[PDB]
Amino acid sequence: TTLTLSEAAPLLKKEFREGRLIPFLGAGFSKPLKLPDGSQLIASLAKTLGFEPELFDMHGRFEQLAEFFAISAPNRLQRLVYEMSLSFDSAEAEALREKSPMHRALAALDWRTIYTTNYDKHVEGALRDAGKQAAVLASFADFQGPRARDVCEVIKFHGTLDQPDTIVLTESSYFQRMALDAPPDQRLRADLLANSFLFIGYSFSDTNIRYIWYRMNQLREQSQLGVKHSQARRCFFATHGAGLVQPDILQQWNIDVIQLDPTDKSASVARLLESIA
Amino acid sequence: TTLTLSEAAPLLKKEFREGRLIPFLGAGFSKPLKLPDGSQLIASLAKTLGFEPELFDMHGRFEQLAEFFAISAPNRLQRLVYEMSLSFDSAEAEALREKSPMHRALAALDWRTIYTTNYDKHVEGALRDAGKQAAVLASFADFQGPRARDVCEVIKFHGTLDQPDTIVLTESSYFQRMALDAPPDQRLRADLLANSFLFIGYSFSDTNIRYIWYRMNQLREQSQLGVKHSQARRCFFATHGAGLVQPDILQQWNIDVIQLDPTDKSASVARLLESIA
Amino acid sequence: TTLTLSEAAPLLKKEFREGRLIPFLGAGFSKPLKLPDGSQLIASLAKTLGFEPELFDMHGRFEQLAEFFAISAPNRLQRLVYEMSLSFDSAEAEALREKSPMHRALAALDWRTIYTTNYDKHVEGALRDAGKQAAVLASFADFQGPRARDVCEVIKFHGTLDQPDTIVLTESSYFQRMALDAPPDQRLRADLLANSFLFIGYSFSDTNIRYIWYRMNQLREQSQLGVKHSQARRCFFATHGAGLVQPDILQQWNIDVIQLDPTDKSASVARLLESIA
Amino acid sequence: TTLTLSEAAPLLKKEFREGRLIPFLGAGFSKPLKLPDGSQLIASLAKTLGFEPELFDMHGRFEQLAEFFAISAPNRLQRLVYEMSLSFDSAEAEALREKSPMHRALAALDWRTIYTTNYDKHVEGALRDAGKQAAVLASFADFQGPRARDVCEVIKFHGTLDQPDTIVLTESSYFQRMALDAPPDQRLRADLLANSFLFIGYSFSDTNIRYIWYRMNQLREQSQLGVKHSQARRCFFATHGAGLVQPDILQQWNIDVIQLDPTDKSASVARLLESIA
Amino acid sequence: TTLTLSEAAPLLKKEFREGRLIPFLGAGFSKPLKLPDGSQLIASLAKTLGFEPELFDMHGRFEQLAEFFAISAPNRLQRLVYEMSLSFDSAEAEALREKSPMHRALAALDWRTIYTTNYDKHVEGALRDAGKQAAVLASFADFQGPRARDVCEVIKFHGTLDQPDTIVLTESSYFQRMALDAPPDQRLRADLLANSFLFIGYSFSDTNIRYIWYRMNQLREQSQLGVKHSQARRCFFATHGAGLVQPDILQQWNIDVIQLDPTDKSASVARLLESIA
Amino acid sequence: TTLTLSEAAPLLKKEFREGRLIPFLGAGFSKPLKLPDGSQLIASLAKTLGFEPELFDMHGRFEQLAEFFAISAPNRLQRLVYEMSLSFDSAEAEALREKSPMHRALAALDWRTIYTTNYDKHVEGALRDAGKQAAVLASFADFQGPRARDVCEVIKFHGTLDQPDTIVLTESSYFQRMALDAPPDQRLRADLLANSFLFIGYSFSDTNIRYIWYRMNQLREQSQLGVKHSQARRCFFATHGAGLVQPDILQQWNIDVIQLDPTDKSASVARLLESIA
Amino acid sequence: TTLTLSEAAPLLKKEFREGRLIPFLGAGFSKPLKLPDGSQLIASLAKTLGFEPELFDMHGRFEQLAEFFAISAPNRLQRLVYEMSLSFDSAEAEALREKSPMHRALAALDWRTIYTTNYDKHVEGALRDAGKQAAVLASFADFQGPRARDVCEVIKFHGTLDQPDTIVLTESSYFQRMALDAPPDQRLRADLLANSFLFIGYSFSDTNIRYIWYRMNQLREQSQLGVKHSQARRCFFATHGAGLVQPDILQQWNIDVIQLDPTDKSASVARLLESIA
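Protein chains in written order, with PDB author numbering: chain X, 2 to 278; chain V, 2 to 278; chain W, 2 to 278; chain E, 2 to 278; chain H, 2 to 278; chain G, 2 to 278; chain F, 2 to 278.
Isolated chain X, as found in the complex:
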């Protein structure tokens, strides 16, 4: 129950010719940019509170340690968003983004909507490197602004570093995004009615994208509760290690798993995006 590269290529091409394919890009898409972890950044900020960096990492997950900065030392949480903006959007990360085959193969296609969950600017900046125009959508003021219909709309699903109050990084902020009331969430509610999604750069043990995968399936079934049940467009999830139990769970959430070649991570994602063209 797992597609290969050559099997999924005519399936993705059919969704793209009629304009109904939306990429949903994760943290693994920014892997060739050699960015800092963030868990390494939050551990070095804990030295001022008396923590050793390996000892502060012991006390919980990354969003739980950021919860601790949000309530006990709020000036260090703003310091964390500050030095991620210097690191994730540095000039060295732009130079790797010029030569990355993943970001070139993404920008070679005329997308209409691109979703991403990472905070850096390298999804839009890939489109600017190809001479294309992109519109960042993170806050209410971004949606209200005018733009042309030719422009690909890049929705920052968890905020952008240039709008620091849109960042979803604290554990309490992840829990209140489960109600789906943010402006990126309301845009997702209308796009799942018409489109198929291509999830790239996630792991099966994320537990946040798994709730989104569940909740998208529940909103598709709820949208056809009184009418006869019609078949929906199939979503996709590109993986390098699919496993043996998790692809069967994802079938019932309207998502087919695509096994990519695990020898070179960045090349096999680039061959997937070039087979859509």
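Rather than coming from a laboratory, the hints here were simulated on the basis of the structure. All residues carry an ideal CB built from backbone N, CA and C; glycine is no exception. Take these hints with a grain of salt, some might be off.
As the list claims (entries may be wrong) - Partial pick of chain E residues on the chain W-facing surface, computed with a CB cut under 8 angstroms: (1) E8; (2) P33; (3) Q79; (4) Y83; (5) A142; (6) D143; (7) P165.
Here the structure of chain X is known, so what remains is to put chains V, W, E, H, G and F in place on it, guided by the hints.
Chains V, W, E, H, G and F alone, transformed into the frame defined by chain X:
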């Protein structure tokens, strides 16, 4: 920011004299009963599908492996609920429940409402051993039935083994209980307006009780959105290892952490419940 | 499809002996107290804005005219709540409440929970006249306070005049109570799981109690979505003019209509409450 | 250093003929209306918290006991404002206000501005009984509303019972009115530049009107800091017991003390207001 | 976001019929009177100190050069106020004031309060030419004096030339008027609670009236900090060149910009004041 | 809601190890020195004005009777400051200060800043008896003078007897210190941003330290009006009789009440200061 | 009335040996770091709103154009703070800060307190390059945190780029900092009582530092209003072009002007800071 046994004893006693203390019992409360794990039970059922037991456990969490039985081999999921009912409610588990000081100290108090998240019958059966009456509340038909006001109402928050369609064990069933629409959820929505909760038998890395801890705090703040902000009754969480970061997070969710003595797990919980008397 | 007085009397008595009957009292229950209309009060306050009283009533419903005071002249809306508290809870209204057979027959029964939607104090004051104790529940601070189990809890579903920020009288406040997030709403979510309701003092053209009648039925059906469908306790609505189409609609909302004698309105309600005893 | 009735009568008449006399009415002006104390009302509300009424009065001043309701039981503070509105503005208090010679002698004069610090409506209602028009000014919305120049403006310096969020009764609300930032305070800042004040109904041990007496003098001296020092209009304070040290202190705060006849309190105030005519 | 002449005429007329419109007149209102600059006057007085007139103007703003006379040669600062009184209030300036259509259209309306920031007498003298009475209010002794209610009160916000110690012309005097403690400032604190302002004769680059525009908005928001936020009366600013960014800033300071016809400056202001009639 | 000696000892020790604990010493700290009352001293000076000492005390509070000397007989007010300097700083008061355990336990700790409100020299002289250096700060010339960083700065909040023009003893001087413009007040404005305060030697009925307790809380909340609300360091107030209502009021002013043993007043304060060490 | 380099060197050295000299660093101190203007940055962000960059600069000052982004397009104001943090704190600005003789001569001295008004980190980073420790103080949470007495405290008077809600850059934020209520303002109120200030890097036409220069002088004179007038420590302002009128104004604001050599701006500031050593 952590209470001890002697510091939390007058705080719990003040809530109990005016009838506003509700225990919320977890899987660690059934630890002295020597029950099977359930993850061990689901691994031995996977031998018929060609899995080694250590290899089937590798492919995900326990609720995710039960999701796999719910969609690929539904007769093995009903087999799992069957042999948990033979194991968790066996005669050997009742005999340990007679002599358990945790279950005796729980039943020595005249509670009005007891919440529990585990499937076995040993919360009510502790009350039956003390000569007291208990009313199990898991489904809609349980709430509709008549009972006296003297009877302690034990709400099975995740179902009961004698009503197998109420069991919350599949991963999709955990995700749809986050909307809080079940009859145990609607009872919780009214009890958080008036009561304080005593959480016993959980870990900080549960990620399901953490959403409940968040969502109870959000429903308290939402219930006083137009009126002036008044101080609510404080909830409590008894732990044997509190850590160093997690008790500060729980303070903002209206929950004080009680450090119990970690040398004997079962005795220190029993000294907590006897200090309320 | 309409019950009479003698037909509904053993049905109401069976629900009352096992403690599962809750009155839900409307504005028609305070009809013998000779209170001012409120629409007459809001029209006389509009003289300072240049309106004739018959002309200000023309421009919309009562909750819509109170919306106009909430946004254009907020000191007149607080004046309206002020002079309803002088009028609805006057000493002349208490003296009629002493001799009212509706309020005496209500207080002759040992209720556990009484719901009411009107702002005046005459539901609790009927219980105080019979020597019984009542607990007013309108805000979050009311639920948090201590009380005995013998005391009948009177939940003010639309607020109380002694807590003016709990009053649901503006049109926008009626619309945001449709989400059912207030503390009287969260108490209603748990009481519909176990109880039957006796609606007294409403009209079929209210359009606010009709949404509540719909939404209670939807929450009963949602509470048994996975289990087998069991039969719920039947609710009741006492009327003096039932009509011919509206009682059939109410049957599908789990509500039986009771036709009372329309010659004397107050006496026939009093004969209903005395047949429960 | 104390004026009598006949000595102060040509001094008050000269300020009134040129329209520069403003009454500043205290709690002693509502003494013939036989109102409840308020300290008696707050003591009877403390029975629900377990206090005896003589024991709750022991723990502090009246504004300090109202501070205790504002933070520990906020629904009882709104209950206090509720039952003062039923008591201070009752029909029995209006009937005594019809026949009170103090309120008749106040309304027989064509005032331009009347200040009062008590919450009841009996300063305006005295003017309505004489067939005159009055404009209540307590909140920002009251000043914004239109009115004629003939109408006497009655500024409620500590709020009105029909606008309960304007009430200055909590101790913290008295402390933040010392900064003089409320809309009645900003009106007082401009009226002290041109007018003389007649303080009626205070005691020397009030400690709130003493700060106002100090701060008015400081604002007069600050308003002529660069120009040559000119003589200001003299303010007045009518008393029944002047004492021996306190009238000399008030001379340096630009206030002359008028000794009234202490045998009948209400008659001697009425002879003062009739000598102005 | 800019009103025209015909759009703002019913808005100004509605504020004037209910007596809540106050003009706030600047230096551009005395432009047709052909007065000397003052910066030209202070430069010619610097010849005695060894300055060329174009060189003395180089060393700072006009209020900063007057600061230099206040501390290094105080007899030349009094000389400056002397020869402004001979020049700004000359007989030639009165003869132009007789025939000025701006000053005739101002005096054709029955104002209650007129604010002005310029030192000359031509705001009152316009009212004396129309046969109307005016009361100059600049110092504490002016407010203390008696007057009738029919008389329009003209408050000199920065002093008058006949009271030379009230002149606000030194830079240090402008800085200490930012605390708003002068008698014209205390009158402004009470008038912003009830009135709308018509600012005529200023520029956007003044930086002194911009602080007043900010501080009036802050005092309106501070006056409704505990009550519900009600809508205030809108202020107005008549301009001949509005620009493109500055009218949007003024919207948040409760001020609408009125674009007047820039071809004839004096005629378009006169058409504005005649449309109010 | 009241700490004991052993409960508050680790809380005070944590603030002291990081140098953020400032004592704020009242008149009860100079109680073992057997000083004259001052109210007894001002009554004996009134014999020359014709007053009996028990009769002069009747006419007002102590600061009000000192107001009477400031305006009617100014040479007796300077006589009062003269004979307090002979009495409060006598050689007999120094000998009791040598053996006082309160003053020894205060000087055994290396404080950085000590505030006191009493006029005598016995707070610095306690530090000189322990061989430590102290710097008295009362006037502007004291702050301007040079000193080392090792020296504990003792700020005389109400003046010192060796600088008689700094004494805050007249009622008008207490009222003008409520604006917080004195040099001890400006130092307090910066120290509340970083430090926690230990109030020793006051009563709940002081009404001057209650305004300071209010105003410190208001300045903490004003200092974080635009940023997210962070938790401040908790202040402390040591008492021998705490009462039952007043400790709850002080909780909202960021002050925890410490109940000391009332059997020996001086010993229980000394055990508090030695538990910090 | 202007000091030279050699004349001011023993005056600055005497204030530094006794620890009473505080630098107050402006935007001209970050001039050798080759930072972008900010007015250039805000003009390039206006291209998305339809402005040419030379045309958007025409419509007002820099803080007024940032006011326009704060109310009409708030996502571009956060974009401005974002790309100043990438530009002002870049790695190229750190490398120039290593070799800057101004920043080396500043860090060669053991300061106790350094004030700065610019947003970049190069005042602390100069101290970190010399192996010294610095503590950034911008928000309330910064003052509450612990630190040693050896550490130089660098107070960011207008905020820091790593705490974006502390930035004072909008025109309305400059106007509300004139009340001096921010935590850097409250620290300035206590430091002017004891210290002398060295202002480096400002112009005479700033109009914001001129209000601070005025208001510091007013707070020194207010702090000695009742005592005899003593001479204060003299403040200093280093300039490259002093002019001819402005140094005489600054003498009355307790500030002496130091004329530095205008041929090399950065070298003459470095010779000033090395003459203090």
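Open item on the list: Under the constraints set out in the numbered hints, which ones does this structure not fulfil?
Closed with: Of the numbered hints, 1, 2 do not hold.
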